[PDB]
Amino acid sequence: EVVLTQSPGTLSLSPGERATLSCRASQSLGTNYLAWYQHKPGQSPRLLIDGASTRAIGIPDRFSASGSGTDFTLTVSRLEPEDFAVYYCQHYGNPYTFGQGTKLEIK
Amino acid sequence: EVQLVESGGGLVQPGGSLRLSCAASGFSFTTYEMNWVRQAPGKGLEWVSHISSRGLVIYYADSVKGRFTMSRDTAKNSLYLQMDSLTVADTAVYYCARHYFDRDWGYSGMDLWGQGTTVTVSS
Amino acid sequence: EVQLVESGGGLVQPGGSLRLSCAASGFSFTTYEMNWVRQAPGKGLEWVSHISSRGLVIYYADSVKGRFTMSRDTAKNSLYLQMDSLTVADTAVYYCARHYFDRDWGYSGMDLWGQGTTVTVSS
Amino acid sequence: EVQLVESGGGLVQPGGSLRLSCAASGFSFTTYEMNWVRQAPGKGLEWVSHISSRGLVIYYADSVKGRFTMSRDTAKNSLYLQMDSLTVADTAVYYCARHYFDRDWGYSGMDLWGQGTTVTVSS
Amino acid sequence: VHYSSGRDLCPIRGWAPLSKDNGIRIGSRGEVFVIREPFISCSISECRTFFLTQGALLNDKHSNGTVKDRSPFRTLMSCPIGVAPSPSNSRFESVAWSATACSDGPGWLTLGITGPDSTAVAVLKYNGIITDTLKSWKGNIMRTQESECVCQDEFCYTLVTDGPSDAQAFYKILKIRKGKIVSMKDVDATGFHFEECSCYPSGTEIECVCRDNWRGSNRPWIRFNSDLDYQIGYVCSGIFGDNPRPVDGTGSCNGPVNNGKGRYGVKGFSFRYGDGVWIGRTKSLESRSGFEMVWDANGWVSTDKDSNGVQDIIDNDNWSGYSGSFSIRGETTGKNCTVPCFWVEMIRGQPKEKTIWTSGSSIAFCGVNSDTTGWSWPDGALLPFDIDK
Amino acid sequence: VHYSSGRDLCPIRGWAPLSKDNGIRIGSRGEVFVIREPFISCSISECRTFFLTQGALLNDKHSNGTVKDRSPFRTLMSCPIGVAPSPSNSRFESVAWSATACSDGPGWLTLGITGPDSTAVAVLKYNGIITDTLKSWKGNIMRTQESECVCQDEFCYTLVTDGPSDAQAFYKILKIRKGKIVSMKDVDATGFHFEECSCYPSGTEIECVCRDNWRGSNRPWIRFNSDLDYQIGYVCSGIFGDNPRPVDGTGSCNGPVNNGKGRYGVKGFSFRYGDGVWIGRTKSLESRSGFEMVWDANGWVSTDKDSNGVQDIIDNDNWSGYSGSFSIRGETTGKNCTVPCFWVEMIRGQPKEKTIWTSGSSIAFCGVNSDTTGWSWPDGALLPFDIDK
Amino acid sequence: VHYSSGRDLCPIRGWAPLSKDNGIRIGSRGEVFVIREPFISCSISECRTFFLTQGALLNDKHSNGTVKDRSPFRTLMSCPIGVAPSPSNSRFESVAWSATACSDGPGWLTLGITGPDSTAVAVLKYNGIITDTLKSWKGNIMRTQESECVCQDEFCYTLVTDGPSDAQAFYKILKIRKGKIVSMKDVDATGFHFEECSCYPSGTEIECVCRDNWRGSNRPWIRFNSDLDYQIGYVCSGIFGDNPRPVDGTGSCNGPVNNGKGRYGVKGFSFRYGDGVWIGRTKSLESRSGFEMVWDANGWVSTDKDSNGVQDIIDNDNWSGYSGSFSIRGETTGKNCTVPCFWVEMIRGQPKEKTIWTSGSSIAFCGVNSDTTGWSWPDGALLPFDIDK
Ligand SMILES: *[C@@H]1O[C@H](CO)[C@@H](O)[C@H](O)[C@H]1NC(C)=O
Ligand SMILES: *[C@@H]1O[C@H](CO)[C@@H](O)[C@H](O)[C@H]1NC(C)=O
Ligand SMILES: *[C@@H]1O[C@H](CO)[C@@H](O)[C@H](O)[C@H]1NC(C)=O
Ligand SMILES: [Ca+2]
Ligand SMILES: [Ca+2]
Ligand SMILES: [Ca+2]
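Chains L, K, E, I, A, D and C are the protein sequences, given in the same order. Position 68 of the first sequence, counted from 1, bears residue number 68 in the authors' numbering, the numbering being contiguous throughout. Position 92 of the second sequence, counted from 1, bears residue number 92 in the authors' numbering, the numbering being contiguous throughout. Position 1 of the third sequence, counted from 1, bears residue number 1 in the authors' numbering, the numbering being contiguous throughout. Position 99 of the fourth sequence, counted from 1, bears residue number 99 in the authors' numbering, the numbering being contiguous throughout. Position 261 of the fifth sequence, counted from 1, bears residue number 342 in the authors' numbering, the numbering being contiguous throughout. Position 203 of the sixth sequence, counted from 1, bears residue number 284 in the authors' numbering, the numbering being contiguous throughout. Position 357 of the seventh sequence, counted from 1, bears residue number 438 in the authors' numbering, the numbering being contiguous throughout.
If we strip away everything but chain L, and leave its shape as in the complex, we get:
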């Protein structure tokens, strides 16, 4: 089964530089059914990236994701102090799985 391993485990950054979060599978995905969600404590999760490239409607421009094959990458260009949360990569193809998450806190 596709076991999605998400790295790095914990990320510390200052508000103003660039961040990258990697999500890597165990066996190659036959499709582009990989999406990125953002979760902030006290709220329901939020869709950020759809189809591993297309962006959801109403989402800021500092977020962009890409990748292929077995390796996928989400990048935040310029951090802003409101952008600290947990990030999940999800594969809604077959079989259905979630990642374990990467937590982004303040330096």
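Rather than coming from a laboratory, the hints here were simulated on the basis of the structure. From the three backbone atoms N, C-alpha and C, an ideal C-beta is built for every residue, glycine too. Worth double-checking, as some hints may not be accurate.
[Stated by the list, open to error] Each computed SDA-like pair below joins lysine to any residue, with the alpha-carbon atoms no more than 20 Å apart:
#, chain 1, residue 1, chain 2, residue 2
1, D, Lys149, K, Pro41
2, D, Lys149, K, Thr31
3, A, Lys433, E, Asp102
4, C, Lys206, D, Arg410
[Stated by the list, open to error] Cβ-Cβ distance ranges computed for the label pairs, FRET-style:
#, chain 1, residue 1, chain 2, residue 2, range
5, L, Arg62, I, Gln3, 19 to 29 Å
6, L, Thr70, D, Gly330, 21 to 31 Å
7, A, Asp234, D, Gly146, 47 to 57 Å
8, C, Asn170, A, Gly87, 31 to 41 Å
9, D, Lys259, A, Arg344, 29 to 39 Å
10, L, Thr70, D, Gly146, 39 to 49 Å
11, D, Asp269, I, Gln3, 25 to 35 Å
12, L, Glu1, D, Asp393, 24 to 34 Å
13, C, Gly111, L, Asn94, 51 to 61 Å
14, A, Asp467, C, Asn450, 50 to 60 Å
15, C, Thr453, A, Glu127, 27 to 37 Å
We have chain L; now place chains K, E, I, A, D and C with the ligands onto it with these hints.
For chains K, E, I, A, D and C with the ligands alone, kept in the frame of chain L given last:
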């Protein structure tokens, strides 16, 4: 004003049962696909169940198989999860989430989530 | 510029008479319903009289019956209220107010008021 | 997003040869006329070569005659300058520039320039 | 060729979609009138939509307070079926704040009422040439169906009301030929109330189901022939049709059933098939929301509350309004029977939402004897607009 | 006069431009619908463009998230050839989120599918009068060609699909006369997948080239006569036509060639000339960008990758989409041959660009036996619009 | 009924106004195309205006830099006479950046050129059905009249140019029947230059006045019959017609008169009456401003500068542009003479004013044998618009 509202959480002694409901407004269940997802205390999300826009229950997670029954009702726009023989390993927060199937591109992704309800199992 | 203007107030010795007029601009009396309302000294509002778009005087308040005659004139867009046998209990401020009758919903409510005129009765 | 990008600059010992390319995006070579222009170190601009919307090579500067060859390719939207037997007097920066021919007014003027590439000839 | 008589209504099992305007969704950026009471009428070659305009465009400064109906600016216009009521698509028909219009095969007859509240006048035109006028006889608001009239064997029939809206009124049947009135009859219906009648041709007679605004929560019906002899009554089922209405119970077809919610009503329709009836009604008991079509196999001779099948048109979360009935005849289709069809209005704005205007769009369905389905076809506009802020 | 039978396709050497809309360039300031899947159909006197609207105008608040196809607001409309799909130019045809329509010389037949995902219903109209209905037989999304149907000798033929999009499905051929279904046949094609078929008349039979979304990167074809007897197969060339597709290689005409890129596809077309074939295909192997027309002189009997001439329609830097085939017949032109023509859709918006909407325009070409040229006729809009900011 | 032959031009004394668009004045708030080169052609029942659109609306973001003529977005469309070229009034005709079109009584023939600069292709349609194609023979920009063609006795005649714009070119006459080319002839005119010819029928022959873009400041003429035998020459008067031109002086009708201002030119016209000529020319010697009609009683056989009457159309302070000639025939009017008429284009925008676009409107006049007057009928727009700031 598209929205979802959960109901039915609470505290249950082990071996019991519950019945959670998700009520939708702004759209119809005759065109969209629905999902039950959960978050454990201190852990990442887990996909529990998926139901199609025309009834077939496509998927159940291995852990909840045989004890959970997903169902819906379109005349009232409601979704139900009947859970039986609960374990202490089922304390969690539950969300109902929505996504779509297109016949040209296909399977967009979960873009609408409910506010979630809490269930605990202990003595 | 829809508006109403009152005229005819003043001081009258008891037993006398007066003739108040309300002149309208911006609309027609052939579609709207009209009302005479009053406020006494140091007291709340009191409904005095009501005429209909078809010209029929639907209502007169009990305290002022047999002594007051409401009438109108559509060629000049004017409303008149002759009053007779005045009492000291008629010192007040008078307003002409407008409201509507719909044949699907019906009887909206008084949304246009005149600026009002003052009448006193004493020696 | 109309743009041009040069490539192929570098250092060449005298007597050698090079092949510069200009790649275009946003438009087609089947309607526009193209030019190679250059700037010497510390000197003003010099017009090197000109090719038409039809493929004909209308002009070559006297200094570069017999040693330079201008050509294009419309299937890839690319322009090439093949230069042979270089002299120390060819160290420069090269630009590809675009202009138009109208059949009512005629020959507007160079309004789009590439970012330019550098070539040096020495030992 | 003129629409003849003698052909019965066709056998039906369900209703299939015919048209949708999407008028308020387009009026957000385009030029679309502010309309209300839209009905549909068909002739030998085309089907058209007639509507009453307030004289203003949607999303404009002049659409302020257009919840009021009687004004010197309303007009009756018409456009092809399923097309947005634009100034570039609409054909002027008449000057009126109450109106109706049908066809007798080749041409168009229109009737339109205008004037003061007490001396209103109805003007009758045939193909744009004024041919007749009628004047109010009781000195009170005179009004008509707001749906098509029935025209058979070159003669057209209408019903006209005059009098109070919460007491006894007075009713006339008008029989018209080629644009001018040839006869009229006074309906004596002590204890009844007919308003906004929906009429269709059955056999050699005309069948109409009307509205009661004084003390009824079921619907009254009238039936008459070319000599203007009439039978009157109420729909005899216990599944009530008017809004507001009481919970389903015991009905009656000799008089009105009040049960506390008689006062007020909406325009509606029912189709009679021998002993059974198709009833068109809204889903909510207090508001105008939702719409469904109910089939009752004893609905015309029995007072019970049981039925035999329900198909739904609009779900309970969306606004509806007036509804009406029209027919497509054997001179067009080519069969030996008349196909029954209906239309539904969908109202947006005041008095229920936070805007400065009120408008409506329409959907239309026709009956078929084959496989059909039930779904929801709502309006779909996202209010409020720009002018409301 | 009705479209007869027996006349063969017509000898050609190239393709000449026929029409261009310039729809999104005008919708920047004018009133233009938000459309998609536009096809072209011709009758004895005119050629029209049919399209499916989302019920909203371009550059509006209601065009938000119009990448989704099934909704109660889509409608099928039509306008003259080469004219912007405006509310003032378009004629209402049907209510549907999947549709098709042809002509049999004098009149127009339309088929439109609407309803829930599991009990969708197709309504068949002839000249605006509802004549038939059909209901889904497998309880899954039921869909049709989205291009013209073929109507010869007063009989019209269509093909309809039902079932999964990534497994075995189920297929019917419908034979219709003057608006009502007279026969239908169940196609038994174990191991195949037909969707969005493009059909043209050849000889005394109907020839269709379809799309495979399960495991094929070449295109399947079906051929049938007026008795609904069918031959089925795959295009036998090694120059693959679907999208996405692998690099050119060895083909097969008894079964699908997957090579890892079978899943998914686009609507396309091929014209058969004896042993050779004209294949319409996009230039990019992963995206929908570019478009070219390839002539293969052994493309129907041989599996090699070699070809005999290429003419290009859109270059590799511009977006394309669906494509389809139609015909202009000897009753119009006056010849003894049938002129083949095709059209191409050009998609702008999501999922590839940064907007809130999705729309498409069209271009159309016809085949001629004389001197032609190859150029690029792209869309040319400058996105994003005002509403996207 | 087809346009016969043998009728001579008709005796006139002056010119009377026929139509005005007011197109740029309306495009300030309405929806109006960005056009240029508008001509007028008449048939047995109506007169229409054909124009070439850039594919954009006026006062929009897409009208940025529309001074350039050849692009894959230009199209040829048409609207009724005197009406603003709106998207809701215009009928699609062809895809082209150079075009022409006439009528042979019952129907419409159109010719439109499109494609790259070196391999352009002209497509010939008759009533919307593609009937022929022609391809460039010298590998250089191939272009046509941009005014009506002459169609008599069912045969239509055009002239087509190919080659350099400042040297010797190459010319063909095309003879067409019912949409397909039946003959063509190569004009051998060593030392001449024909571009943008304006043609009218005289006697049993066709008479055309063209534009010299190489070294001429007078205008060259060609005359031919149905066997495609030609006479060629120059207008023999000393009152020069081209623009730019030198001061009036000695003319010549065997060769071009340069006098230092031959290079460049504008489309123009002259009408021949026996020995005299009506010359249409602008008032300024350097720019395209003003317009007047000059009558020269020896203008076809003598080289003097004297004339016999001047009537003015636009004064010296307003912009003009192209001009052209058309005819109204005895099958329409009912006479035995052919009525000559002309039209003038009026250009606003770049290169002379401070905007981002370029467009044009038109006026049209017809000749009459009665009392007339001279005035000024300018464009009247107040530039710049909103988008220019
Ligand atoms: C609507 O009309 C009322 C009464 O004249 C006025 O107070 C209000 O400003 C108007 N609202 C508009 C035009 O937005
Ligand atoms: C598009 O719709 C979503 C809600 O579905 C909303 O968040 C977003 O603001 C909308 N964008 C617009 C109208 O610009
Ligand atoms: C016109 O286009 C040019 C690019 O070709 C751009 O620099 C300019 O800002 C545009 N002007 C306007 C007002 O659109
Ligand atoms: Ca009632
Ligand atoms: Ca495929
Ligand atoms: Ca000249």
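Outcome of the hint check:
Only pairs whose Cα atoms come within 20 Å are accepted, and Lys149(D) paired with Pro41(K) is rejected, the gap being roughly 36 Å. About 11 Å separates the Cα atoms of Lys149(D) and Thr31(K), which keeps this hinted pair within 20 Å; it holds. Note on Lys433(A) and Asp102(E): the hinted pairing holds, with a Cα-Cα distance of about 16 Å set against a maximum of 20 Å. Of the pairs offered as hints, the one joining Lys206(C) and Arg410(D) holds, with about 16 Å between alpha carbons and a cut-off of 20 Å not exceeded.
The hinted window of 19 to 29 Å between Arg62(L) and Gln3(I) holds, with their beta carbons roughly 25 Å apart. Look at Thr70(L) against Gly330(D): about 26 Å separates their beta carbons, and that is inside 21 to 31 Å. Separation of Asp234(A) from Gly146(D) is about 54 Å and conforms to the stated range, judged on CB atoms against 47 to 57 Å. Taking 31 to 41 Å as the suggested C-beta distance range, the pair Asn170(C) and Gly87(A) does not conform, at roughly 48 Å.
Judged by the Cβ atoms, the range 29 to 39 Å given for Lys259(D) and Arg344(A) is violated: they are separated by roughly 52 Å. Separation of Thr70(L) from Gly146(D) is about 32 Å and departs from the stated range, judged on CB atoms against 39 to 49 Å. The hinted range of 25 to 35 Å is not satisfied by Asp269(D) and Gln3(I), whose Cβ atoms lie roughly 56 Å apart. At roughly 45 Å, the beta carbons of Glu1(L) and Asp393(D) sit outside the given window of 24 to 34 Å.
Our hint of 51 to 61 Å for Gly111(C) and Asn94(L) holds, since their Cβ atoms are close to 55 Å apart. Evaluation of the 50 to 60 Å hint for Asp467(A) and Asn450(C) yields a pass: the beta carbon distance comes to about 59 Å. Our hint of 27 to 37 Å for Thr453(C) and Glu127(A) is violated, since their Cβ atoms are close to 48 Å apart.
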